[PDB]
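A.B. asks: Okay, here's what each chain looks like letter by letter:
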Amino acid sequence: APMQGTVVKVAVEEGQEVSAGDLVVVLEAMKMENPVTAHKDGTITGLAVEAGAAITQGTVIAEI
Amino acid sequence: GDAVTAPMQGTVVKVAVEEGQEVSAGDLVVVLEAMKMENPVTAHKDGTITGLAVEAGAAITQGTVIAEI
Amino acid sequence: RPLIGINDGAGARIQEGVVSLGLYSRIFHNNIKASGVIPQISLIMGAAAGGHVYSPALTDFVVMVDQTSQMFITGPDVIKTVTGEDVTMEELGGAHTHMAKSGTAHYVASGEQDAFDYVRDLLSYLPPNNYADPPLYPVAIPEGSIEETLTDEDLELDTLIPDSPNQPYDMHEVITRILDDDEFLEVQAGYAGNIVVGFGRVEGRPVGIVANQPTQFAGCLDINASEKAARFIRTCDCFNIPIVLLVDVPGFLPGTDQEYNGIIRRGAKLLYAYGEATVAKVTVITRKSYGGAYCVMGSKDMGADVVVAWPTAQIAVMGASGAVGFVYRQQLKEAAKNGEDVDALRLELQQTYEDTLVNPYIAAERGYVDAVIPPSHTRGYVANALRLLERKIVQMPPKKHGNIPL
Amino acid sequence: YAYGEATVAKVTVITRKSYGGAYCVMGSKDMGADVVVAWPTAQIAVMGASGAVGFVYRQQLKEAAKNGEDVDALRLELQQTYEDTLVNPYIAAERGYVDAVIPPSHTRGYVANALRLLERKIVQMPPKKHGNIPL
Amino acid sequence: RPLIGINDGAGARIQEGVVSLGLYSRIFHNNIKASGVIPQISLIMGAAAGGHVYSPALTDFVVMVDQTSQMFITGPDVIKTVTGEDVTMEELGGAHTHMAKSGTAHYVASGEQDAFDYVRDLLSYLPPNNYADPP
Amino acid sequence: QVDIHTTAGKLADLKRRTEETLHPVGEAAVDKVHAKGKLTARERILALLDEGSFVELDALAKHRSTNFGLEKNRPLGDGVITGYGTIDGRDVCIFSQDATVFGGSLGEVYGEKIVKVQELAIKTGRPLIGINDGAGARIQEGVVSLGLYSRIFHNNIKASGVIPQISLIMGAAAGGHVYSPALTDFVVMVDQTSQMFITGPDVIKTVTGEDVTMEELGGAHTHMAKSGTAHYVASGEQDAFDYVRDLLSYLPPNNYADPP
Amino acid sequence: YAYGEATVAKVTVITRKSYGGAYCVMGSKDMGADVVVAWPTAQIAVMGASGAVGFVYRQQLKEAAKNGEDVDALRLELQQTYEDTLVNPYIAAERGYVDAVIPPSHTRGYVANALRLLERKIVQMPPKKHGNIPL
Amino acid sequence: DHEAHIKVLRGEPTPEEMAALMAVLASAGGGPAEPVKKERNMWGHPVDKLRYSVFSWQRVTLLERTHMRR
Amino acid sequence: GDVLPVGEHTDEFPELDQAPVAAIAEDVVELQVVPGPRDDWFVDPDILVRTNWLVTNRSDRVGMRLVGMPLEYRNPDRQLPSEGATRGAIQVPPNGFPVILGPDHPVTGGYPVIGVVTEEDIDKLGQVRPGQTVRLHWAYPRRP
Ligand SMILES: CCC(=O)SCCNC(=O)CCNC(=O)[C@H](O)C(C)(C)COP(=O)(O)OP(=O)(O)OC[C@H]1O[C@@H](n2cnc3c(N)ncnc32)[C@H](O)[C@@H]1OP(=O)(O)O
Ligand SMILES: CCC(=O)SCCNC(=O)CCNC(=O)[C@H](O)C(C)(C)COP(=O)(O)OP(=O)(O)OC[C@H]1O[C@@H](n2cnc3c(N)ncnc32)[C@H](O)[C@@H]1OP(=O)(O)O
Ligand SMILES: CCC(=O)SCCNC(=O)CCNC(=O)[C@H](O)C(C)(C)COP(=O)(O)OP(=O)(O)OC[C@H]1O[C@@H](n2cnc3c(N)ncnc32)[C@H](O)[C@@H]1OP(=O)(O)O
Ligand SMILES: *C(=O)CCCC[C@@H]1SC[C@@H]2NC(=O)N[C@@H]21
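Chains as they are written, first to last, in the deposited numbering: chain A, 534 to 597; chain B, 529 to 597; chain C, 137 to 542; chain D, 408 to 542; chain E, 137 to 271; chain F, 12 to 271; chain G, 408 to 542; chain H, 25 to 94; chain I, 148 to 291.
Since the hints were derived computationally from the structure, they do not count as laboratory data. Cβ coordinates follow ideal geometry from the N, Cα and C atoms, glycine included. Where hints are given, some of them may not hold.
Stated by the list, open to error - Pairs of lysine-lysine residues, derived as DSS-like cross-links and limited to a Cα-Cα distance of at most 25 Å, are as follows: (1) D:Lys469 x C:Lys216; (2) G:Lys535 x F:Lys216; (3) C:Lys535 x G:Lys424; (4) B:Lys564 x C:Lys535; (5) E:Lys169 x G:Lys417; (6) I:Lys271 x A:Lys564; (7) F:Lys169 x C:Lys535; (8) C:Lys216 x D:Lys424.
Unchecked claim - A partial selection of chain F residues facing chain G, derived with a Cβ cut-off under 8 Å: (9) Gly153; (10) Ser156; (11) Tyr160; (12) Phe164; (13) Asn266.
To be verified - With beta-carbon atoms standing in for the labels, derived distance ranges: (14) E:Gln151 x G:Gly455: 33 to 39 Å; (15) F:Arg27 x C:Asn397: 33 to 39 Å; (16) I:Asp164 x H:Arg83: 53 to 59 Å; (17) C:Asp257 x A:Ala544: 48 to 54 Å; (18) I:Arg221 x B:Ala581: 29 to 35 Å; (19) F:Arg27 x I:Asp251: 54 to 60 Å; (20) D:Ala409 x C:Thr217: 29 to 35 Å; (21) C:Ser281 x E:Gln151: 38 to 44 Å.
Kindly produce the complete structure, drawing on both the sequences and the hints.
C.D. replies: Written as structure tokens, this is what we have:
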């Protein structure tokens, strides 16, 4: 997570394959919705966050 | 966990919410005075106040459970 | 033998007369006599008010407890009466204030037990007095050459320095690798973080480390760092503890605030402390050592016993950007008159100056650096040098005392 | 540190105030001043009488306030009694922290006498490489 | 015997390189050796820049000339580039700034002859060395 | 090569410079020294000191002179090797002069390097060994070399009776090179491959008409049996080092230490 | 040895020649000569020009012969060039090995003034029981 | 006989268990602590670094004592 | 995929390789606040300096929104005539939680400014991230 914020959306299923440039999550912070974009193809493994949960900067959203 | 817990040993100078009040992550729950400084404790998750176990003027130990959910 | 004072007190007992001030004067005079004779350590564990503050200041090390202790001369109520400043006793005299701002405290313990543990750590490095031998631990020296005895932890130094001269790194990555067991007792850790000072051991011998920290002010020297390092060096020199300097200084911190607060007068303190100190003095130069800060940080003619530099060292009068503006001002004027690509010329000249002169080898050629070494050699070189320098005679003109700039 | 270290002749002339820790710093006898003299106007005290009376008489100044008395006039009466009792050179002279209380005109005489006698002082510190002045 | 330096300045000779820094280090080391042994006096009569300033700081007395001498470690244009404040050499490092603010100067002479007069006055009180008596 | 603008490349360049310090005038001159059967200035140190104990000072130094074209040839080390190490586990400071660089003649930086190891020995109170092999002053540098000779002699006089000073003579010492030995406590020569003389046979022939070889004039036998200046005449360089280690086994490190 | 050991005031006046190792012996600066003065006629050099020009300009002075030049004259021109350049007090004065070059008549004044300045010296030597002068 | 011996104060081991105990204790036992060739070397001893008043009694009871004590 | 032009440079040239700068604080940021002008609107305004404020996730370039001890209005029904605003002005909306105006603040504000951060410190607000602690001190003695 690039910043502290609220997980307004989690966009993928546990274990789901993903392509680089798709969206994992959206965080409300800075009075703005910030998308989290997958940086490589892979499988979304152990998706550790729940919608509406608050989280703190640098926490792992998933391994990739 | 769902417990809101006191981060410090201090006295509850103000309770901001009541049980069954809806709260959102980052809303104020209580204020603790210690060392002549006053410190907020805020809700970690969206929910509604339950298990409320502190009151204004109570001196509480570090790690005291304030409320849940 | 060492003296430990644990201090709480509301100053003079006001019902007793000037007698209490006489006794304060006698206590201060004894702290002055003992200064540089026996280790003096002050623990502050409550409010030390009024005269109670000056004995700690005269002792060698001040340990405070991070919320339960305060020092102040004049109380908040008199400050309010005289200035209107409405201040809490913690804001006025707290341990955080005396660490980060006033520079008086040497340690801020998280509790009383932690303060005692730190005081025992301090005492473990010091001799009982200025003439007894220091407390060496038994360490077995491995046989063979410095290059034959490189550990993988030494080889981790060869890749430490970032390729860009301007990218900082944590100097503790050097300190903890050249010290035994990585064990390092930092002193004034929260004050003037652009210089790191503290105790360690090298093959069981206590040493004082003084190291520039690139992560704060890019490692510049300033007023606060200069006073922090100057008193630490003079404390080591009183008690015969060798000093090892880790140098990475781009210069002094520029600014009118430094000028108006006296960077000249108070920077000269670190010159005085290092030139006066007669212990073994080893300098390791890692990247920058420019201008007057080269002189301050352990230059050879300031009587550094052994100076070694890493290949990444940069010993020069000033950065090439500033030097080219003088050294080639002729050609830059001619190119400006001719309407040439003056910026491309300046880049060509700057890279020529950096390749030619902004390196350790000019100072090695002039003998200011005794060797240029692979970074991994540093631990073995420093230990071998301290083992050579363990006994020194140095002649100094006879004096009653010096006149260090205050 | 500088005053306590110094081993040249040290003379102190006190002219009005010498309160609190600044008494200690400004050339107190137990800091090793060789000659201390005070003028008749000197005032040597732990702190100024205002501050001292408010502390020493805490009992009376609380009690009178609970009685609702003229606490201000009581403070003035106590402060005057304190100033007249303790805020003078004589308590320090009684302790011997002032060697003589002198007519001010005698100052040059006492100073010149001291400086003439103390041009060599047979005094010494414990042996050290150097001190460790707070810096 | 006393040492008088009449410092004028402009720092290290940049073409000569690191040798000028080694000679600064040697000059400072001698100022420290001499410190407390012989009276050292520094007259500042121009822009003492960079390394030129630490030697006066290590001497015992610094006399500056009011409108025509300056000391600073780093110049107004580097100060401008880093800190953004514009300042003149006079405001940054003039004799007034080093008297009233920095506390580095001991006298501010109205001219070079007045500075020489003050240096002769100082020397009239100081002995030739710590093993001699004052005149 | 690894890019010099990078930390690994700067370390590779240091390794290159260090390698070039082992043969600063080319391997052909080391081959000439071995063909003459003598050791190099470095091998003399490494044979005398205990293995791996040698720590070298000012290895990368180069002369500063620009007289008479010297600026075209700046050998690393300036023709002397200086440092410290251990003999039988006790520290000693050492220098060894390299006759392949300008004939081993003393220049400015050569002299500064010797002065450095002298001052280190006097400071730390450790024996000083000098290995002497040099054609006197480097004539191109002029009087600077005489000022360095004076500084070296003055340090030998300061150290005289403070620390044990030993001189090995292992080649032709000419001119000023002879007095530093004479000021040290013991002079060990090698019986056919070393000489000391103040001025050479050609000047002696010009002034006096006496016709003499360097060996008769100033050889090890001459300085033993006639002048009384040598204290031992070794059959060879290994025998000289063995005698020096025997000597050091009796001496304390300084006048404030007991003999071992 | 005797000159380098001596710690009295040592003054050197150089008249005419001071060559090679005998310069080192006879009162060189780095042997601790406190003041060294030279007359204009002083000649301070590693060796006489006729010897130095045989060693400098080597090869050059032999390719002249292989080219059949009158090397007997060329060597005299090289000698005159060497003497005019280097066989004088000024190279040593430029290195500060001679503290002043003085008219010969000044010698009495300089010697008396130097001795009057040097009448008190502290010079500090490593601690020894005694020296080991060559016998 | 007046040497201080090792005592097995409790237990009664077999000679093999005695041998194991002894080989362990004997190889645990400290080496040449307080070494036989601790030379005297007073060069740069801290007592010579101190300033002494010309009349300081420590010139007798510290400096001279420390140099002369053997 | 935006393309940003680089302008023509002036004739001056970069003569310094780097500037030393103080490290930005990781958590607690301490600021000097000029008191008022509307500090008399509150039952106890020194709670402003006695409170360890916490920066909420709502902070942006328009303003930073804190939480802490609520500030109490002396007359909570009192409306304010809207007045000019500036960067670093500390508004107190009637819920009692302070807001520190950022560079994009509206030209006029509707809520009482209890204090303003000194120009010495305003730029430090530019670096405070959500979840940091803030402490305030009066830059000079607040007296009515
Ligand atoms: C040069 C040094 C001076 O001039 S001393 C001047 C300042 N001394 C003061 O008395 C005022 C400043 N500080 C205090 O006294 C405060 O009490 C401090 C030390 C900050 C701690 O406050 P607190 O813990 O609330 O103590 P308190 O005021 O309730 O006093 C507790 C008991 O201690 C006593 N006490 C205190 N200070 C002194 C003093 N300087 N001289 C004599 N007695 C003192 C109080 O009277 C009280 O005793 P009791 O409960 O009345 O029996
Ligand atoms: C460790 C020491 C350092 O790092 S010093 C680095 C910076 N050196 C400086 O230039 C000192 C600070 N500069 C200044 O503020 C002024 O230029 C100073 C030098 C103080 C006064 O110069 P000003 O009176 O304006 O004369 P100017 O600029 O016209 O120069 C006149 C001639 O002096 C020369 N000069 C000056 N400083 C140096 C120096 N440090 N190294 C070498 N040369 C220097 C200039 O080149 C100039 O020579 P010319 O007359 O142009 O042929
Ligand atoms: C102190 C007062 C003085 O002026 S003392 C000056 C002493 N000058 C000499 O002795 C001249 C040197 N010639 C000699 O024959 C020497 O005595 C020595 C070298 C010791 C004899 O050894 P030998 O094995 O015969 O060698 P070599 O002479 O053939 O060596 C020639 C190479 O060495 C060089 N060399 C020698 N001396 C100097 C000197 N003083 N200054 C400068 N270079 C010198 C020669 O130039 C030659 O080196 P290269 O081959 O030309 O590169
Ligand atoms: C985000 O919540 C911060 C809002 C700051 C600007 C708004 S505009 C309308 C309100 N009136 C005012 O002065 N500030 C508020």
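A.B. asks: I'd like to know which numbered hints this structure contradicts. Please list them from smallest to largest.
C.D. replies: Violated hints: 2, 3, 4 and 15; rest satisfied.
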